[PDB]
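Undergrad: Can you build the whole structure from these sequences, using the hints too?
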Amino acid sequence: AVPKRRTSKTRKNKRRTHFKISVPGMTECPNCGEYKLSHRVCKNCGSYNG
Amino acid sequence: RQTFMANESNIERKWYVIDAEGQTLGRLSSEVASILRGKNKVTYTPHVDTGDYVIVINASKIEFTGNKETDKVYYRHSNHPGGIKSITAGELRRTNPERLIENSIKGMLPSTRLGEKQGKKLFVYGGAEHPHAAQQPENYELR
Amino acid sequence: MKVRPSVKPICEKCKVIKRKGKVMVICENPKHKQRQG
Amino acid sequence: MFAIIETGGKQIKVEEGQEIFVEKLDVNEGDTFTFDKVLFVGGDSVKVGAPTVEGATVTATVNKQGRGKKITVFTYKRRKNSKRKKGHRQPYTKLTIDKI
Amino acid sequence: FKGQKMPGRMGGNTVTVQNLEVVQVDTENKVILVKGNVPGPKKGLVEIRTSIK
RNA sequence: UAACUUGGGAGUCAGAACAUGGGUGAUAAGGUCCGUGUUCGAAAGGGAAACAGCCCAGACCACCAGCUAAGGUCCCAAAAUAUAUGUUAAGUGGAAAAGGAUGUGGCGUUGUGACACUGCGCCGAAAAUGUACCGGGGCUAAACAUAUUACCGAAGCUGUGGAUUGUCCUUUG
RNA sequence: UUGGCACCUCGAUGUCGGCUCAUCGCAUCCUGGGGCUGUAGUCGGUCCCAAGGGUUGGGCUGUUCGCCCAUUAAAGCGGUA
RNA sequence: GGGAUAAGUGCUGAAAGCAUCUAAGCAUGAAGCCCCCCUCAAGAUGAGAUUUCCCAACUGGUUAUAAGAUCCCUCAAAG
Numbered sequence: 002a003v004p005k006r007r008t009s010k011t012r013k014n015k016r017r018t019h020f021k022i023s024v025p026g027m028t029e030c031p032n033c034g035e036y037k038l039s040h041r042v043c044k045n046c047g048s049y050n051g
Numbered sequence: 002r003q004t005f006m007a008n009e010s011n012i013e014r015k016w017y018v019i020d021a022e023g024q025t026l027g028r029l030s031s032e033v034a035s036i037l038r039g040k041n042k043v044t045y046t047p048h049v050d051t052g053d054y055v056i057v058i059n060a061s062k063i064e065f066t067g068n069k070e071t072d073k074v075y076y077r078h079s080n081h082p083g084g085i086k087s088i089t090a091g092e093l094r095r096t097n098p099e100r101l102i103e104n105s106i107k108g109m110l111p112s113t114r115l116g117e118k119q120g121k122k123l124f125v126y127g128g129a130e131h132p133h134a135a136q137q138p139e140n141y142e143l144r
Numbered sequence: 001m002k003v004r005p006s007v008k009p010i011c012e013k014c015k016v017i018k019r020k021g022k023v024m025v026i027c028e029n030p031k032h033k034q035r036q037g
Numbered sequence: 001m002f003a004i005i006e007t008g009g010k011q012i013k014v015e016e017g018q019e020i021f022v023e024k025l026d027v028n029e030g031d032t033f034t035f036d037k038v039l040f041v042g043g044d045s046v047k048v049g050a051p052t053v054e055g056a057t058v059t060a061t062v063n064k065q066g067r068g069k070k071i072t073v074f075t076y077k078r079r080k081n082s083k084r085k086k087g088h089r090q091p092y093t094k095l096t097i098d099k100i
Numbered sequence: 164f165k166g167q168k169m170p171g172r173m174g175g176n177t178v179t180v181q182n183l184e185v186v187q188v189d190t191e192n193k194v195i196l197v198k199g200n201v202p203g204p205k206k207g208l209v210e211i212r213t214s215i216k
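Protein chains in written order, with the authors' numbering: chain N, 2 to 51; chain V, 2 to 144; chain R, 1 to 37; chain D, 1 to 100; chain L, 164 to 216.
Hints are not guaranteed to be accurate.
[Claimed, not checked] Below, a sample of chain V positions facing chain L; criterion: calculated Cβ distance under 8 Å:
no., residue
1, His81
2, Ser105
3, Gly108
[To be verified] Taking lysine-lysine and the DSS-like style, the derived pairs with C-alpha atoms no more than 30 Å apart in a straight line are:
no., chain 1, residue 1, chain 2, residue 2
4, V, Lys69, R, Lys18
5, D, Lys13, V, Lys42
6, D, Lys94, D, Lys37
[Claimed, not checked] DEER-style ranges, computed between Cβ atoms:
no., chain 1, residue 1, chain 2, residue 2, range
7, V, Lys121, N, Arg7, 38 to 48 Å
8, N, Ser9, L, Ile211, 51 to 61 Å
9, N, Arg16, V, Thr66, 39 to 49 Å
10, V, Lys121, L, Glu210, 39 to 49 Å
11, D, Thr75, V, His131, 48 to 58 Å
12, N, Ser23, L, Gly171, 40 to 50 Å
FYI, nobody ran anything at the bench for these hints, they're computed from the structure.
C-beta atoms are modelled at their ideal positions from N, C-alpha and C, and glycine is treated no differently.
TA: This is how it looks when you write it as structure tokens:
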């Protein structure tokens, strides 16, 4: 089927309300100091210690 | 040029109570919708609700003229195919009089946002009692 | 009964009456029983 | 303490020291104009209302004389190529109210 | 119209089976035996009542 | 207050509804074809709920002024819970005939019964998504019929200001 | 239903019969309650109120209809382009 | 199985000395209506209720933290 009527740019931005993407869910490494991704291995420096 | 307009700062609202004993449904409903809508004040403005707060009691004691106790069916549809339901003024004056009164009066108010907000000024009670003692309910009578 | 839109006495004991607005004829022959004037 | 006068085919309720915008009088700038048609006076101390009142007639300055904001009168007929636009600015005079 | 029969999520509802029988009641295990088969999966909560009929 | 002639420039040749006089059709049709008038066409505003053609009435413009027309006055919704007298119990009002019938009132002739007009009601009266033939609530008067009083109600008319054309010359205003 | 008109649609509103899915009316086929029979009983006839639920499988034929075989409490009549 | 009913069946009862189920009154009477059975249901904005939990420190108020809930992770009777 075809759209019978173009979408007003208010309805477009209403539909795009939930199209946001979420944070990565990250923590501070207790060895690296830099940030890691929880339950993952520190890309920056070394081990996982779990 | 000059003509008064009431504000949210300007309006005061009084409470009233009125027995329905010996009353006819429509003859009470008219005189009460007038008070709810607030067109017995001198400072009537159309856009704000200068009405009052009305209490109705003894709603089990209203009357019906002629053969309306068994005639005068109330219909209502549930929006499901074949979902139409039916009741009678007899089976509602004794089963739920405080919705009989509500419907009768609320069909008399305009069907807008101000009217929706003015309909909830009405507090209907069967029997001669009401929990609204802390309001200083003034005693009105019809005419 | 006999529900017809013309109720009228057939014999002479058949007497015309009203019940609930409906016109009827009450008679002794139950054949003559009629309503809906 | 107010008075009801009638000036331009319209009654007006006026008090002492009030600005009024009336339609275009025949007076000039500054010069005072006294209304003769009074219909009511009262408010606070006396109450005289009659078919008309002879006396205590309002003495009022003539403050300004001008033209109101331009309304643009427009009217059209749909599917019939018939539209019309006029402009309009209604002349008025504003008076200050001295005495009643 | 409403109450149209279209595809959607199935099962899950609260369902009640009436007029079932109590085969046995085994104390020392707190178990009850019911003629038939009650709703829900295994490990699922069920509430018993005496039939209102 | 037009009429006519002489010239320049046209558009129009699919009309509609309603009221009335007809043909055709079936005393069908929002049918069709003629005469007659109006409205629409090319007409906005008030009323008929909404509703080109029905009723009132013809918008130069502005005003938070007044009187009214059709239509109305219990609430939605501005204005009579008006006044006097009567009718109607069916929610008739607020859809439909032949026919039926100790419904109810009026007047009338008859020797307690019978009839002649008669006003208003009853039955006849069954349809398709949802009450669903008062716009709704509601109404036994807020229905009906008659009769005086008021008031509401338009862009009508009047009031005040203004803009244009005209024609009298009160008096070039 | 067979029509009569020619009001909407010819810069496009897709026909019939089946299938899937239904839904509504009642002028009721079944079941429910009654009156009257020219109703002895089993069974009827015909009216009245009633729309809750139900209302089959095949042969032939594109077919609807229809005729037939076999059951069924019954194998309802219609609207919804 | 209760309540109110349709067509019908009446009792009492006059207007109409009588009779008359109706006008006042009083019953009875359907797979039908309203409950009873089963399910959703307080966004029911009329947003209901009941029990238990938490309830300080600085400046009109702010703050984070409390009870609690998640992020992330292992899953399935759920998807």
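Undergrad: All the hints need checking, so say for each whether the structure fits it.
TA: So, going through the hints one by one against the coordinates:
no., hint, result
1, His81, "holds, 5 Å"
2, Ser105, "violated, 29 Å"
3, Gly108, "violated, 26 Å"
4, V:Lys69 / R:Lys18, "holds, 22 Å"
5, D:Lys13 / V:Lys42, "holds, 22 Å"
6, D:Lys94 / D:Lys37, "holds, 18 Å"
7, V:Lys121 / N:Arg7: 38 to 48 Å, "holds, 41 Å"
8, N:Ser9 / L:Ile211: 51 to 61 Å, "holds, 57 Å"
9, N:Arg16 / V:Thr66: 39 to 49 Å, "violated, 56 Å"
10, V:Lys121 / L:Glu210: 39 to 49 Å, "holds, 40 Å"
11, D:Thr75 / V:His131: 48 to 58 Å, "holds, 57 Å"
12, N:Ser23 / L:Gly171: 40 to 50 Å, "violated, 28 Å"
In this structure, the earlier hints numbered 2, 3, 9 and 12 are contradicted, and the remaining ones agree with it.
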